[PDB]
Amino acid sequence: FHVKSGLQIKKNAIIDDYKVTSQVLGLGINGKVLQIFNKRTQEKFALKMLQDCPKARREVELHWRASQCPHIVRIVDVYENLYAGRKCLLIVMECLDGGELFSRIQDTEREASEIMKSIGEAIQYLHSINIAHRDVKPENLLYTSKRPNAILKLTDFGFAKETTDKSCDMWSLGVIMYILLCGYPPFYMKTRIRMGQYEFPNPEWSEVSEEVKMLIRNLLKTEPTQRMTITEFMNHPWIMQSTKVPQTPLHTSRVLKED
């Protein structure tokens, strides 16, 4: 009987339990994401502040429900406090030092696969509990530590929605796969997207498998109704047998330096 705990919205001042700094870890609709410190443990965390409305109350829900998945930024506590006489919801999540996915890169196929593979699990988890993330841009994929065995983790649930939408998550997955392999988006716009107008031009892509190209093409189908389901993405070999992919090298770092 493996029951994880429910969600507890603490009412004590958050300042009773953490020291809040002004280092800013991220920007978003609701203002800044602040680095804060657990007093008892002197460990570091990210703080997100929402105005308490029912939208806020819906993020926190989904995220919290989503949190017990290893590839999704984990919520550690949630408070309701007053701020300038306004109810707010404070989310305290795990702090992810490694910074944004791509930035790390700018410093191998197979390495690419592993990433896609982990991002897959994030979606797979979400989809199986009926949550569509929507906003799976690469800004929202952060690493736990600069240490190069760090884990890639998805964040930012400002646009999460219940599905009791998913096909558009797989789009992002395809765009992110794209940019991982060549170094730029498939779109160099509003009109080229609706059409499904994009190349695998060379010598950037000349070395890349038709196995891989197919897959991307299936993720970037203009028509949602048969873009690939996450369940199939994860079953597809490139991702499925992750480590037996050829360690064939790619220019992605160079290009994202150049660009």
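Positions refer to the first chain, counted from 1. Shifts are known only where both forms have a C-alpha. In this text, rigid core is short for the largest set of C-alphas that superpose within 1.5 Å between two forms. What changes on going to the form deposited in another entry:
Comparing C-alpha positions between these two forms after a rigid core fit, one residue in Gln51, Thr222, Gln197, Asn218 moves 2 angstroms or more. It is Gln197.
If you fit the rigid core between these two forms, you'll see the Cα of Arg86 move by 2 angstroms or more. With the core superposed, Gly31 shows a C-alpha displacement of at least 2 Å between these two forms. Once the two forms are aligned on their core, the segments of at least three consecutive shared residues with Cα displacements of 2 Å or more between these two forms fall at 2-6, 28-31, 83-86, 189-198.
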The other form holds:
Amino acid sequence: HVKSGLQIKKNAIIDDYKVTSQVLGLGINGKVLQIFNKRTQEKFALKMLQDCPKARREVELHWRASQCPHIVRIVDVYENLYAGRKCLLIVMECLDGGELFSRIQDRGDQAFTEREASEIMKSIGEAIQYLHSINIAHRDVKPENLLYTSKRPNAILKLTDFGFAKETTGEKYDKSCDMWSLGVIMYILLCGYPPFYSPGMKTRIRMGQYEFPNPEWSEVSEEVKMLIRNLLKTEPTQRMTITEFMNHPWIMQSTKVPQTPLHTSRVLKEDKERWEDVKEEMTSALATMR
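So that was the form deposited in one PDB entry. Now I'd like the form deposited in another entry, please.
For this one, just the chain is written down, with no partner chains and no other molecules.
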């Protein structure tokens, strides 16, 4: 199987796009902006990286991944002087749907089911599987990097930001922290809070306590808890791999998973005061996992 290599454009990007000033997010090495094609008037996202060997490898690895149905797509890459710095400008497909958990938290009826958690986990897992099978580890899988293509209920979930991705050839355990990220994301999808030991808020997980508290976890199957314990296993030598994950009946047959009603959407609203703290705890943790 043969895919073509990245042809970087040298002409001024502004010959092709109107470049606005609105932020669409904040990345590892820069800011994402809103732009429009001129000849089609269509909308797109732009990432600006200052040219250097690191940015070069981010663009390459992301390019290898681009065609995966669940990874954000690269439309073109420009090499320009942009405000007196030499930059790689990355044009990507626009993702209006928003961030994964933001969309779940905004559900007016608050009815999120185990079956939906499963389908979401299946989408993310396909992105990780694509990457791991060509020996790339993403290494920044977390809430702000999982976005929906449109606001439609049927929108596709996409993984973004390759600012930490690396080639793993030889060092295979670089892939493990991606699997841990899946464990954490799956756990949050099922109850509405992280499996972390941490105001006028409820404490969801007491320090040192059994990790599936009865209020939210009582109707979840022991099978699903075992899946999670495998993903969150402490030793990378023992943690589940992406192949084992994608072969688990809970992911493989996500179509036929119990539509068990979950507390997730409800807890995301109640605890939204501490969401930034969750994302921070995961960012810190991830820095020590990878």
